[PDB]
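For this depiction, one protein chain was excluded, whereas all remaining protein chains were kept in their positions.
Chain IDs A, B and C follow the sequence of writing; residue 1 opens each chain.
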Amino acid sequence: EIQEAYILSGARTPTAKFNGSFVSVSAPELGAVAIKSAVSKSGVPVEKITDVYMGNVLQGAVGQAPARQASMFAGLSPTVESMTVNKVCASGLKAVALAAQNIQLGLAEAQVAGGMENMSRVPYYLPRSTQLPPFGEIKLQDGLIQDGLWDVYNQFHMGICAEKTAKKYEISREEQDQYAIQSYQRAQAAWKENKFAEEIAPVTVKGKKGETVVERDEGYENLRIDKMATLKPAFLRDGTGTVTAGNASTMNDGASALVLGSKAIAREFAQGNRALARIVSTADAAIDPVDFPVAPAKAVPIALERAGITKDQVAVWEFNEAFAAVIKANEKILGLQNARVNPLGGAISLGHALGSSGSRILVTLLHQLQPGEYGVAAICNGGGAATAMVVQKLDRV
Amino acid sequence: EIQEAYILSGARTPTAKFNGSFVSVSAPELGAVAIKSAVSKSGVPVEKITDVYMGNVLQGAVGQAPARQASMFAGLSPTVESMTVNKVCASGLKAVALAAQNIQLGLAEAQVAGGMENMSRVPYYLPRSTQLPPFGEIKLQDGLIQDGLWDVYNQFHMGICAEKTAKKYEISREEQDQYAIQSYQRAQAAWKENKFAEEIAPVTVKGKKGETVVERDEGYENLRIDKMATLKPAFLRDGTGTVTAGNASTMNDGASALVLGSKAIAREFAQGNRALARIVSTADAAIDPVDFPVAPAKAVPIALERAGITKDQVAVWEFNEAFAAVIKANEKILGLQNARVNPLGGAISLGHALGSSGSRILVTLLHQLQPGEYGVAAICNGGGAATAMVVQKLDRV
Amino acid sequence: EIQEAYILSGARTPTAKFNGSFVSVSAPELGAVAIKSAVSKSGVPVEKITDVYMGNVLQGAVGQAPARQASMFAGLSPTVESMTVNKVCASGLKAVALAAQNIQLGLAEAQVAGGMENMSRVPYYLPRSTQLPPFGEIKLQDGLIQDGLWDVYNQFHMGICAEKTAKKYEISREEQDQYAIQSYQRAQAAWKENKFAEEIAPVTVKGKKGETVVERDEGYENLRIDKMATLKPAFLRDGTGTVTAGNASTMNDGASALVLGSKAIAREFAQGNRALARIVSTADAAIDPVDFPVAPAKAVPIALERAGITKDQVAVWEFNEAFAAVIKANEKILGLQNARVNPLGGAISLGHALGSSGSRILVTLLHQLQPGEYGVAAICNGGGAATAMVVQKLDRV
Partner (left out) sequence: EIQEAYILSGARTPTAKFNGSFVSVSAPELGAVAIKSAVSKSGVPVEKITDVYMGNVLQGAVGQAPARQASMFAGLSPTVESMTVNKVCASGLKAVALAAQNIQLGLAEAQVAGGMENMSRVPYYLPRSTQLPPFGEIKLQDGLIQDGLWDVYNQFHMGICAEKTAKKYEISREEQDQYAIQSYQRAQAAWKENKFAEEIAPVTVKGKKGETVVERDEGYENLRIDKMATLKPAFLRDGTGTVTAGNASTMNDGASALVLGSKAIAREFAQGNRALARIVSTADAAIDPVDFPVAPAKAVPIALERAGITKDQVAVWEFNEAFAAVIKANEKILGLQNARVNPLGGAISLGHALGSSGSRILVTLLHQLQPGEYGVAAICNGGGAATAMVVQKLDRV
């Protein structure tokens, strides 16, 4: 009596630059535009949707119950339950898996899930009087670094963890800069062909002078293939530095949302749906924190097993491009050198709104699968962990 | 083939006052102490536990992946997966349901779940350069208020939500103070008889020169019956105010954790476990944000329906005492005036560490049920929601 | 045996915009530039100069002993004594008076004196732990407001003081806005003909890529004659308001410095010096804090009396344009609507670096005086006071 869960629809905001277009738009406002567009496209009447689960990594100053904000700003009923989920970078995918579980268990027939992040709006932390010294210099941490990008156990940046997977699998500066230039080109190629028009939910940002409609990603046109090899290593300055701002993910503001359904709900409302797919399997996996870059290589086989398919049976892989080194290490271990991996670009060129990325790569995946094809979305997360989902694209049922 | 999920064991830190015994101990350090104790008391080999789900509502400056830190500081393997959950005050119960689902779907045989909050260590928020005015006065938000206790939709304290439920259900200042007084007395009674010794995991605070072992809830000895009628309203000062510091929960630091298992794991390892129980059902439910106080009245029936039991079959009820007004309104609507609700005290007297409280009431519940008895934990949460769990205490499986 | 004191030099930095070209350049580093130039142009060997007195009304985060910093950055010997003076907006004129007094008493034969402010660099104030509340919202004062522009006794902006001087002496919105347009045109006319080239000392700003040389006042171009009449009252928002951002002075970053000498030093080194003049008198005067705008009307008569001259003998008046309402009020009381007041514009168009403006309007006066002419510099200051100096331009002796 374990049931099956279907993706009926998917939408994402454009991915804006750090301190760019979405500075005045909170993560839940971004969530709201992704959820409004997902429910519209699902063909499901809003009253069947009973829960909104949204990933959000940096919750500081977002106000009470971020997920609940997104739900309410999307115009959903106050009767719809909600939850903000933090599996760091995996938050968005994990949220989709949690919503699927509600359907798999018979507890609900329709769900919305995804993620959201406004990195521009994460704040600095001032401790209260009892945790301040009585005199002398105070250091205030940036939430982006202390909560987002700093390993607790080995007290260094995620960038250093990548440096140590880059050496252990012999992934050079040149190999990394090659993958990054290719991510930028695939993104430019996909935008010229307009491959993101149907998944994208435009954000109307207000203001004093204007009203601007943002409908295009920000940062994918910034490729200077000249400069890329001329960049300093951003994290390791002991001579052996290979990760740079060029060949790593950028910080971004953005959101993404999907509507999920039972077999019954998919049949009645979703048969022609463009993003219609079965959730075949999900899997989480963890190893040592420093080794978070290769966690996906642990999660993917568990997911493939639970789906009873081989690697060769998945048409498209979407792995989140945290760092070029991450993709190349994971390509090596799973033997995916000639697989379709991030064909339209990834987080190096399209951006990384942390809480959203897990569900944004799923939205991108579903739009580039043919009927009957298996897809895989996998994303690594800080602390040494990863979430992978197997999806089968469908025309009906 | 939906499997059954069993609580094998349960522990909680003491609940320390705001700016007290735990200012130096981060929420995940507190988490690790409750987890260490729960796994130890479970009798399950540590390698069979595959996931740690911790509730935590105010994640600011806790550092990356708060639940991951709790799991590692507990000595659990880096192979153990984690996720930190934010359903505001319901976070800790929701985390237990989420872990139960892993077992129900056959994805794991043993879990740890619970919650943690250090309200002392919640920072103030300073926005970055791009959100600050060029000149003129700046307001820094506390963070306890902006993220914890401030409604986004009606821009006012959770306390005003309590005031409106107090008027609507004609719950008097005197009725509130009388419940508050009873909460204090029940907590003093319980501490005199040492009724919390089994469930409490002492915390070792490495102080200035020496080291203090905390094993006693702080706050429950602070009843001044005489002064109770003359306390100022904390939130509403128009003459109609009824909710005070006296009849409201306090801010607190603490953590709580349980070990869950499959039938196979309980049989082989937990026969006769002191806190052994079946998770018979769970329910989430939501209504208008201002009516969050009464959301538990909507969830409890759904959870009783899914257990196939009636109110009268519930031996004891653990409802979170967010405000006296909350417990009285729920007692009215569900007709539980003559049922055993919060027999040993609650949040008014024993404290409210937001992210922990949902799992803290479950731990307290399990230690006061006889073999074969049914119990309900229920907890309201900001944005207008609640979750309720039905448990059946057991000698063996 | 009271000796006379003469002015031999006279320099000022360009007045940069708030958050303009000098954000990187500390008020002392600005002072040093204006000092280096004024000692160079004096002809006096640097070893004869024994003291540096500099105005600076906003000293927060400037570092130890601002005036000292100015002196040392200016290359002057550690043997030179310094003091930083705060008479709010009079600070710069006051420091010249006090340096003159050293010469008037026979304690020294050569002094540098003047003023400096970097309002861009004025900080916000965070109370230490003993003056912070244990929880809830904190207000951080700007300091441009709290220390700079806020009357202590009547808790309102210097702007409100001006409003009450604008009503009392019936000075209308249109009368203010006329004077402002007039000021803006006199500054353009002056810069077109390049009149400030002699008095300005260019500031080389060291940047991340190259070096910029700033030689031009920033803000005198910004006249939109039409928009002036539609600008909202800045300070008084009950309908009756007349004072605007446009008809008021701006916040600015700049410095000014003069070299003073004994008769003996003037004769031996400074005959036919461009700036050469005798300080014939000074006077300070104070009234009610709200009436600080009309305080130059109490100080100029006293200063004339001590000079032993009549109003109609003074060639050029330089009153600081703190507001348009100020200049007009003082034109009505002294009967100067028929005299040369601020011929080359003032603080409305040329800016207002608080601590510098006193000595700035002095340098600007000395450069537009012909031999044997009497000039008066006068400057109102917050708390209800003013400082007036009478000079006599000289070719020799």
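Some points to look at:
As a working rule, a residue touches a chain if its C-beta (ideal position, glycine included) is under 8 Å from a C-beta of that chain, and two chains touch if they have at least 3 such contacts.
Shown as candidates are C:41, C:87, C:328 or C:393; the residue that touches the absent chain is C:87. The chain not shown here is touched by just one of C:59, C:178 or C:271, and that residue is C:59.
Interface note: of A:116, A:144 or A:255, the residue touching the hidden chain in the full complex is A:144. Within chain C, the residues in touch with the undisplayed chain are 1-2, 19, 23, 51, 56, 59-69, 72, 78-88, 94, 98, 101, 104-106, 120-128, 130-131, 140-143, 146-153, 284-289, 381-385.
Residues 126, 128-130, 132-135 of chain B touch the missing chain (whole complex, contact as defined above).
Touch with the hidden chain on the side of chain A covers residues 18-19, 124, 134-142, 144-145, 251.
Operating definition for what follows: only the chains that are shown with their structure count from here on.
Averaged Cα coordinates give chain A a centre that lies 56 Å from the centre of chain C. Touching two or more other chains at once are residues 126, 128, 130 of chain A.
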